Amino acid sequence: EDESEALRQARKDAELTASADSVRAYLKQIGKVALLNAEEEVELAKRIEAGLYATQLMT
Amino acid sequence: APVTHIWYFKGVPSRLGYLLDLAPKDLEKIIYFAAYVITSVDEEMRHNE
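Those protein sequence lines, which keep their order, are chains F and D. Position 49 (the first sequence) corresponds to 254 in the authors' numbering; numbering is contiguous. Position 39 (the second sequence) corresponds to 137 in the authors' numbering; numbering is contiguous.
In case anyone wonders, no lab produced these hints; they're calculated from the structure.
Straight-line Cα separation of at most 27 Å, DSSO-like style, residue types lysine-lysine; simulated pairs:
{"#": "1", "chain 1": "F", "residue 1": "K237", "chain 2": "F", "residue 2": "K217"}
{"#": "2", "chain 1": "F", "residue 1": "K233", "chain 2": "D", "residue 2": "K123"}
{"#": "3", "chain 1": "F", "residue 1": "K233", "chain 2": "D", "residue 2": "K108"}
{"#": "4", "chain 1": "D", "residue 1": "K123", "chain 2": "F", "residue 2": "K217"}
{"#": "5", "chain 1": "D", "residue 1": "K127", "chain 2": "D", "residue 2": "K108"}
{"#": "6", "chain 1": "F", "residue 1": "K237", "chain 2": "D", "residue 2": "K123"}
{"#": "7", "chain 1": "D", "residue 1": "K127", "chain 2": "F", "residue 2": "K233"}
{"#": "8", "chain 1": "F", "residue 1": "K237", "chain 2": "D", "residue 2": "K127"}
{"#": "9", "chain 1": "D", "residue 1": "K123", "chain 2": "D", "residue 2": "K108"}
{"#": "10", "chain 1": "F", "residue 1": "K237", "chain 2": "F", "residue 2": "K251"}
{"#": "11", "chain 1": "D", "residue 1": "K127", "chain 2": "F", "residue 2": "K217"}
{"#": "12", "chain 1": "F", "residue 1": "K233", "chain 2": "F", "residue 2": "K217"}
Bound conformation, chain D alone:
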């Protein structure tokens, strides 16, 4: 299973958090299996339904 490089997730600037517009407190909860994220949503399938 894929894993995240610590050099980029964890640091004084969280580079992964900067790119993805999140926070390290809102990334450790995910790449360490504490909370889910919504990978993608269906926009039209929700607009008509």
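If we strip away everything but chain F, and leave its shape as in the complex, we get:
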């Protein structure tokens, strides 16, 4: 079913495929990062604000 080595390495092997079509390979790779919500967006925006502030301070 899903556990007991039937589906985990199944997913790993299915993902680890040749993907001859270039668009297919790109869509396979893009299916790796989870989507984001508003709180994550504002938190990452705060992190980027801190990063650019630190870059300005370095300058």
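Following the hints, complete the assembly by docking chain D onto the known chain F.
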């Protein structure tokens, strides 16, 4: 960025594969960004460490 000439990578004999001792199935994965290779290793830096 450098690219590979298809006439030499792809063919009935894969000339690049013959010279580098690989396979075209083990070259398309690299010159089309699907798997990495180890360009060089430090032998002594690993033997002592």
